[PDB]
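Visitor: Modelling step: build the complete structure from the supplied sequences, incorporating the hints.
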Amino acid sequence: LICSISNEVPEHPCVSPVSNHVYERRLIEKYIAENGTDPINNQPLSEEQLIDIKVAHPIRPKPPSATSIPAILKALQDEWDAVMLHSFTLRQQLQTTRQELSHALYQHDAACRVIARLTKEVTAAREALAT
Amino acid sequence: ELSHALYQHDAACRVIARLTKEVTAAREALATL
Amino acid sequence: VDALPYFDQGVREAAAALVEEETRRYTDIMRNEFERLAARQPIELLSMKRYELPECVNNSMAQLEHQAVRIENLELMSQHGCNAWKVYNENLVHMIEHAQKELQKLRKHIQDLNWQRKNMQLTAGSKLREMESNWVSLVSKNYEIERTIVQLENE
Amino acid sequence: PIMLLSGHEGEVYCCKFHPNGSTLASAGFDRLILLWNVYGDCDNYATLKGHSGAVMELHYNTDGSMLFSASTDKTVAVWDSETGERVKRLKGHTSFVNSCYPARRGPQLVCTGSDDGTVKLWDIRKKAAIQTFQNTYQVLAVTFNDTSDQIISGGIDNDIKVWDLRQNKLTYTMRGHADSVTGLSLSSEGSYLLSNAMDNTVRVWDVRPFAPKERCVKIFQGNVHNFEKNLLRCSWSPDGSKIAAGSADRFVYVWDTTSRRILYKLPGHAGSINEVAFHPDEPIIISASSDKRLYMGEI
Amino acid sequence: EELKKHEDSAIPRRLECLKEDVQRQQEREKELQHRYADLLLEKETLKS
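Protein chains in written order, with this note's numbering: chain A, 383 to 513; chain B, 69 to 101; chain C, 102 to 256; chain D, 561 to 859; chain E, 525 to 572.
Don't take each hint at face value.
BS3-like cross-link-like pairs, simulated, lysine-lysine; straight-line CA separation at most 30 Å [stated by the list, open to error]: (1) C:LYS228 <-> D:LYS651; (2) C:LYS242 <-> D:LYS729; (3) C:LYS219 <-> B:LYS89; (4) E:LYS571 <-> C:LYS202; (5) C:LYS219 <-> C:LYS209; (6) E:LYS571 <-> C:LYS242; (7) D:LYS778 <-> E:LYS543; (8) B:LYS89 <-> E:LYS528; (9) A:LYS502 <-> E:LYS529; (10) C:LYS228 <-> E:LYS528; (11) E:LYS567 <-> A:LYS502; (12) D:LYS825 <-> D:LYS802; (13) D:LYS773 <-> E:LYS571; (14) E:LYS528 <-> C:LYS209; (15) C:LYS219 <-> E:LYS529; (16) E:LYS543 <-> E:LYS554; (17) C:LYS219 <-> C:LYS206; (18) C:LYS150 <-> A:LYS456; (19) C:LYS242 <-> B:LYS89; (20) A:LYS436 <-> C:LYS206; (21) C:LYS150 <-> A:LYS444; (22) C:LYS219 <-> E:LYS543; (23) E:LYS571 <-> D:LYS729; (24) E:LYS571 <-> E:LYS554; (25) D:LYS778 <-> D:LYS802; (26) D:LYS648 <-> D:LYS634; (27) D:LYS802 <-> C:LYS219; (28) C:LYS206 <-> E:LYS529; (29) A:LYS412 <-> A:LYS436; (30) C:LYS202 <-> E:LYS567; (31) D:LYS729 <-> D:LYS634; (32) A:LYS436 <-> C:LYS219; (33) D:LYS651 <-> D:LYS634; (34) E:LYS567 <-> D:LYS773.
Bear in mind the hints are in silico, worked out from the structure with no lab data behind them.
Guide: Pasting the structure below:
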């Protein structure tokens, strides 16, 4: 249905026997030309190993105000500014990911050490009682 | 990664929640009997 | 690492406090910098405000032919009306339902995993509390063995 | 399955397994002893002969090679399971011998309870009596101690008794049974002893270097007596886990040591069950009943 | 499924641990009655 490279809804679907993963022909051409393998799993892929799919010709309806000024002055701004803000917020999400990963490695260090000490103290008092 | 680490840290502080009860009763018995 | 969740129904403050003590002891094209400028800068590129206003005689004749193309796209929109609208509606629902079928799959898998974990914990903790009970009994009766040694020994 | 066994001229009183659990012993009034294959189709091959009175107790060795049998006709008798033919006629017993108990993994010896008023020790080799503790009355049940240095007995005074083999006087007497003692059984712990009694109440004790001196630990409800006053016999599990009993209600009684709940009160029977045998390896039970047959339940 | 498995990978170390002290106590229950019979027998002959 959708594509795993641009996150796009294709009018040009092509999936490969090297990675059965619905990918957008544009980014699939670009990738397999960059390095001749799949991007997602990276089983070696040549661009002619894939096979296209025959699409149901999916269409979105031309809105009532569709013309030169609507598709030029207004429309491109929403798309470009929303790509800008979306990609920026996504990199921000990666920053938050690095922060939470560091905090989590800290918490794991704490758990491991405190457990190593208490597992001893317990059976230490237990051995003294078993004396 | 944060999911696995969070489950780990929570259920891991649980290990101490049990160990502390055991050792605290243990030293108390050690004094008692 | 050793952590059975399902068993203990029950602390957080003390375990996490000692934890925090241990923790205190512890790629695209030039578009990359273009979008860096355009996004940090924030401003929107000066748009296509040329065909609208009205050279200006060209833009007025352009408004003519363009609203002609607008009545053409209006022909090509009213040719359907509600028809190709419902054409997209029904297909939209028939594409919608599948993701929720998948969520049903995920619910079933995770909940049956938990259904295994329950009885697993119940067998494990049962045998382990039996071990604790055996320990209590042997420790008590072994201090009793020491008392018996003391008595039979003093004689 | 159900695996009900038959072929007995009369009521089946005594039943047990090979201490292997390879071939099966049952017997009762008929004055002979039927043996079977436990597995397969529960096949019935060999029958020991000779014992004049009703064979009041069969008793294996603990390996499974020799067979002791106390019969009401004033005699105990040793037999070779290899053959089925008698090795000794332990005579001298002045009246009805009820019980026999061969010592497990100790030297060759048997302690015998009977209807004379004596508890008697005898040797397999000498044809001679080793000791005899006259308390005053007929001795109905006898089980050793796991050191083979005390003799446990249940008789008509409700006062369960134990003799020192070396000091020869009444070593342990414990009381709390509401009526006569009918069945004793030493668990595989070597330590806990199990006792049934017609008084509807069955008891556990523990014979150790130290027990609390009042050692009535666990008590089970359900056993029945009637105007028949037939012999009542019980056992532990091979694991000391499930308490197995029969009784005169036609209900086989299966309890646990732990929660002492009714694990089963199983019907199926027509006759009063006179002995339950637990399999030394399997979850297999053979119920010897006075309906002149047996059952083999799988649990 | 991996958090239960990280539990279930170490699952035997959860039971096998107390299975040591349980038998460390019954093998020490061996140490009890070994001399406990050495204790009852020891009285009998000084009282006699």
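Visitor: Output the indices of the hints that this structure fails to meet, ascending.
Guide: When the structure is compared with the hints, numbers 1, 4, 11, 30, 32 turn out to be violated.
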